[PDB]
Amino acid sequence: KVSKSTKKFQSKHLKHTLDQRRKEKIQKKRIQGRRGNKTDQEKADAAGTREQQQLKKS
Amino acid sequence: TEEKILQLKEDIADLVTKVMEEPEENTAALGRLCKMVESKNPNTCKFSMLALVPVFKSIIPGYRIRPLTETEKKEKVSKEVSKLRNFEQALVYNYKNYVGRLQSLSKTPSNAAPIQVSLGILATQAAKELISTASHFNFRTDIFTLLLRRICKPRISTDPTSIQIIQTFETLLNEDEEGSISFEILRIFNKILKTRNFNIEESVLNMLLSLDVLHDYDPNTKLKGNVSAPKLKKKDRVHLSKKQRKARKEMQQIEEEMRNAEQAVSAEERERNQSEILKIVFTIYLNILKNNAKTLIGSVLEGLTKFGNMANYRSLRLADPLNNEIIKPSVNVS
Amino acid sequence: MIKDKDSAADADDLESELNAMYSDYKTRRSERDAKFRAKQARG
Amino acid sequence: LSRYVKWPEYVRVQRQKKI
Amino acid sequence: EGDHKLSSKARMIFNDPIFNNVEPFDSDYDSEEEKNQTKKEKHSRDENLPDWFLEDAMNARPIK
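Residue numbers (my numbering), protein chains in the order written: chain B, 1 to 58; chain E, 1 to 334; chain W, 1 to 43; chain U, 1 to 19; chain D, 1 to 64.
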């Protein structure tokens, strides 16, 4: 037996939820192959510490 | 006199223990201990002056003590605050006297008896050790002046403390980002150099190479891995009354705007300090070049190469530059 | 209750009180922004 | 605090003119 | 205990690393010249009434 909340959500919010999920998937697929999309932690790891930077400068 | 030395050490230790654990109402102990430094007996002066360094390094607060005078207050309403104010004023007075004595003892023309030279060396070591943490305190200018006068001597190789003082100054300039302490040191350094017609050792001039205020790094540099609990867990909280929680919210909302304003002020002051320090450093370098000192050219050119873009013979020197293991000299090679 | 009078000491005390009032007024009026408080910290 | 509220403006002004 | 000459507190106080080896052409700096220079600089960089009455870049364009 279907619960009341399930009926309400499927009658009200299912369509836009599915559309937004599709749009998010499309955007992720589009930007998967692009170059220049990195997380802050990854950017910090690539940048290195200060001492690593004086090592690189030398 | 050896038993007298033991009795003096016992008295100093007793005073240090008396003032160490709870210094607010043991003020007279600290006052007498500081008075012992001015004693004409070399033994008392040495032992008290060397023992007072940990005392100050522990009892100096985390800020600068303002000259809070009663004229604007007219309060007379304090029970545990009045004693704190008295302790702060007495600490300022005693620290002032101690720093003055250190400065007076540092000045030794190297012609008196060796006891006075030893006194000056010990005073210089005490001042060097004190400035590592008392830089954010009153009368730092006197310590900076005496240390730089010791460093800016024409001959410093015979001094057994020049290495340590240069290392401390380099560390201070390296770890200072805002540029306040760096500018404060550079003003005195320029003032001393102008008196000596810009005549120092390449090694001395090498301290300006460590100025952090004249350095730029990656906007997203990786700091050290620092891990801490983000928030206290909800089920492990301490009970707070409604008034306590409201006061907590109010103080948090005040602290957030105070932090924002502090960041803005630091950002706007770093640029001005950087400009002033660039002016001073370039003036010093150009005056050295015009004087044409054969033993200072390489360091000057290295400084210009390092700090040029921020603007609008190793056996002939001691005290290799700070972080020399990674700072490969661009122009001042061997 | 104090039954004593001074000629110039009263005027000097009045001047000191006025100076303290003006200084407190200046500080209160200038502390309306947190930037001044932050600057005073490093002052 | 702001203790100036112990003096009204007219009193403060008439004492400032005394100086 | 160990039967030392100094007391335990005195032993702790005087065994700190600061108590190391602690056992009981030519020129001298010209303070007068620097004082005169500071006075000249102060002159080159710039009474009974109350205060409430009287008052009433080399880093501008770097490469970045």
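Among the clues, some could well be false.
[As the list claims (entries may be wrong)] Label-pair distances were calculated between CB atoms; the ranges are:
hint	chain 1	residue 1	chain 2	residue 2	range
1	E	247	W	43	25 to 35 Å
2	U	5	W	43	27 to 37 Å
3	D	36	W	23	29 to 39 Å
4	E	308	W	39	24 to 34 Å
5	D	62	E	247	45 to 55 Å
6	E	70	U	11	47 to 57 Å
7	E	163	D	49	37 to 47 Å
8	E	323	B	33	53 to 63 Å
9	E	264	W	23	22 to 32 Å
10	D	45	E	70	32 to 42 Å
11	E	223	D	7	44 to 54 Å
12	D	36	E	286	37 to 47 Å
In short, the hints are calculated from the structure, not lab data. Idealized CB from N, CA, C, for every residue including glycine.
These are the hints, each one checked on the structure:
1. E:247 / W:43: 25 to 35 Å: 28 Å, holds
2. U:5 / W:43: 27 to 37 Å: 28 Å Cβ-Cβ, so the 27 to 37 Å window holds.
3. D:36 / W:23: 29 to 39 Å: 35 Å, holds
4. E:308 / W:39: 24 to 34 Å: 31 Å, holds
5. D:62 / E:247: 45 to 55 Å: 46 Å, holds
6. E:70 / U:11: 47 to 57 Å: Given about 24 Å between the Cβ atoms, the range is violated.
7. E:163 / D:49: 37 to 47 Å: Given range 37 to 47 Å: violated, Cβ gap about 56 Å.
8. E:323 / B:33: 53 to 63 Å: At roughly 42 Å between Cβ atoms, residue 33 (chain B) and residue 323 (chain E) fall outside 53 to 63 Å, so the hint is violated.
9. E:264 / W:23: 22 to 32 Å: Since the Cβ atoms of residue 264 (chain E) and residue 23 (chain W) sit about 26 Å apart, the hinted range of 22 to 32 Å holds.
10. D:45 / E:70: 32 to 42 Å: 34 Å Cβ-Cβ, so the 32 to 42 Å window holds.
11. E:223 / D:7: 44 to 54 Å: 46 Å, holds
12. D:36 / E:286: 37 to 47 Å: Given range 37 to 47 Å: violated, Cβ gap about 23 Å.
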